[PDB]
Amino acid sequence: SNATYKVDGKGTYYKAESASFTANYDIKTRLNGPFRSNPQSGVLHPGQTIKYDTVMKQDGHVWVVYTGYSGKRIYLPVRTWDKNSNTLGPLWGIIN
């Protein structure tokens, strides 16, 4: 629920959460922060799994955050999120 998140200076809600996410779709990943207008890091293809450490809610989505090989932080949207209602869309993959 929202009660477990903190909020940063851009209004992004965030918390620590460690799990694995396997994509069921091609999902574009971002650099710099959880905004689709940010530079594109690349994509998860269906069946690819990443291990994340932080969850955020910003720019209409729930995102998870992980570190790439070079140490770049990569922001992956995993479902839609409506800020005013906290309503979540279906997950774009599997969490385990």
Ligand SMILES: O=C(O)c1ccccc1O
The other form holds:
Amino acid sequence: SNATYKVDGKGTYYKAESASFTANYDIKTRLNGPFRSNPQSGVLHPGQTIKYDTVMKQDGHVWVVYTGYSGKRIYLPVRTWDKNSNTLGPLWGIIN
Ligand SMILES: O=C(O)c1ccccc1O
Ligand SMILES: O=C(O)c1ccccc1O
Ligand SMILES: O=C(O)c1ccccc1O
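Previous: the form deposited without the named molecule; requested now: the form deposited with the named molecule bound:
What follows is the whole complex; the chain from before opens it.
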């Protein structure tokens, strides 16, 4: 599975890909990596748009990654992902 991704030492699938994501929900964002157990960076509120540069699959979700003003990397989950089937849930916002 995930032939177009590489894999890191934590088993996270990742790939460089750039677009914009506009949230349709309040979505909690994370520091350090694509795990809901990680520290919370904050939240995207509906209608807020970020420009991402990396896509990851980990911890039951597809995530997109961007850089905050300070240079901290911020991990935003955008839909569910089942590792054993590669099935994806509906997107939590709009990609354009
Ligand atoms: O689904 C994709 O994104 C894809 C990309 C490259 C080659 C085969 C693929 O299915
Ligand atoms: O931001 C949320 O409430 C959330 C909900 C489901 C899964 C991951 C999440 O960050
Ligand atoms: O499945 C993907 O390749 C993908 C990439 C970016 C955002 C959401 C996604 O499902």
